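Asks: Read off the chains here:
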Amino acid sequence: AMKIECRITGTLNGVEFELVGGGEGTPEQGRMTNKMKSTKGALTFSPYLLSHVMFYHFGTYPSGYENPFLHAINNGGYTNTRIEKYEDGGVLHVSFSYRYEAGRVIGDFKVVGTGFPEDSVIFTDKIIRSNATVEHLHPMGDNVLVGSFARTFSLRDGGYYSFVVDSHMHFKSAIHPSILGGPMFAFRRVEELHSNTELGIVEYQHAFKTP
Amino acid sequence: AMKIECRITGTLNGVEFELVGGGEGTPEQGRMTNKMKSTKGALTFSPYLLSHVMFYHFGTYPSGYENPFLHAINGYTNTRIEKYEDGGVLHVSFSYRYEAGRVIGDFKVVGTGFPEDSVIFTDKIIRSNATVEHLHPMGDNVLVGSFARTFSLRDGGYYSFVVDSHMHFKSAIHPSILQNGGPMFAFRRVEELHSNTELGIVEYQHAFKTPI
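Residue numbers (my numbering), protein chains in the order written: chain A, 1 to 211; chain B, 212 to 423.
Calculated directly from the structure, the hints in this document are not laboratory data. Treat the hints with caution; some may be incorrect.
In silico DSS-like pairs for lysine-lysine, Cα to Cα no more than 30 Å straight-line [unchecked claim]:
hint	chain 1	residue 1	chain 2	residue 2
1	B	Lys294	A	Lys209
2	B	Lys294	A	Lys110
3	A	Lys126	A	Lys110
Work out the full structure, taking the sequences as your base and the hints as a guide.
Replies: Here is the structure:
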């Protein structure tokens, strides 16, 4: 298992937050872990908001295909920048940066969250989980993969809090020879163990062309 | 196989179009066909743009799980906002009638903001590619959908768009999917047989919660 180091720094409605930690991931089973502690006391918002923020390297890819994020570690790497629009008007701008220190992945993530109303679900602890997603991935050129997924949280009362994410993965040294005759799909799910101060995920990622 | 009747009207940058026809659908196979002909001469834009416009009824759903083809009825509307990478926008509304063991659709599209050098007026789209839509409920009466989609181009590139859908159900009309712990995903793909004047699709629709 590759060791994971992670730091997330950011602002939510102007309110600063930061957390640090890490874990382990193994690309072979498409599973990773990550546990991180806040460095600034209890979060002002639902810790579940950050599950999909707290490593695409650790996804399984179908038989004749190689995980292009896993592949890029050995050649220039890649960045990910996402724009996440939430149903109550909230918006997350998230940027993902990586450095690699011999069989260990280091994440430095920045998030900027704006426009969540005072009565937003994220300030209320009603989120009990996040649900699974299937991201649609396609290249726009040799160096860029464009992603799109909708995602939901289940609420304590039974309802849903939803968002939509548009991602731009900018690679340094050309993406793996798949590239390129249609999209790839990435199924993801998490197991979450959060307090307002200490967050934990188990994430599974499996890419496919056909289900 | 249940019979399908279909009409599609609207405008692309003001230019009026109308297509009429139909086909057949077998919900247990998750397969349907549809053949339609333009009534206003040859289209001013790629016929491939209409593939995902020319019937969710004909989708397989996993071990019950039913498919809201439940209607029956009593049915649903679909409204989609499709945003294209060129700046083009398609506004599409889907209406259905059920007269006698067959499904009849009357679909309306408004296309705007497609630039003069847009792919859609060029003939370079050779096919449309597969999708997986994410479906989740909004309060018993509304199903919200999201999918990105691509057309493959003759030069080997891509022309892409994203779609946000709102499915309004008349009389709930979700049991197995309302009480679901999360989203449903619907995998779709097509085979296209288009001429610019006469359009043909074979569509496959298969829903799932996992994997695959």
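Asks: Take the hints in turn and mark each one as holding or not.
Replies: We went through each hint and held it up to the structure:
1. B:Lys294 to A:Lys209: Satisfied, since the Cα-Cα distance of roughly 23 Å is no more than 30 Å.
2. B:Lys294 to A:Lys110: 28 Å, holds
3. A:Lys126 to A:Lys110: Roughly 25 Å between the alpha carbons, so the hint for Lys126 of chain A and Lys110 of chain A holds.
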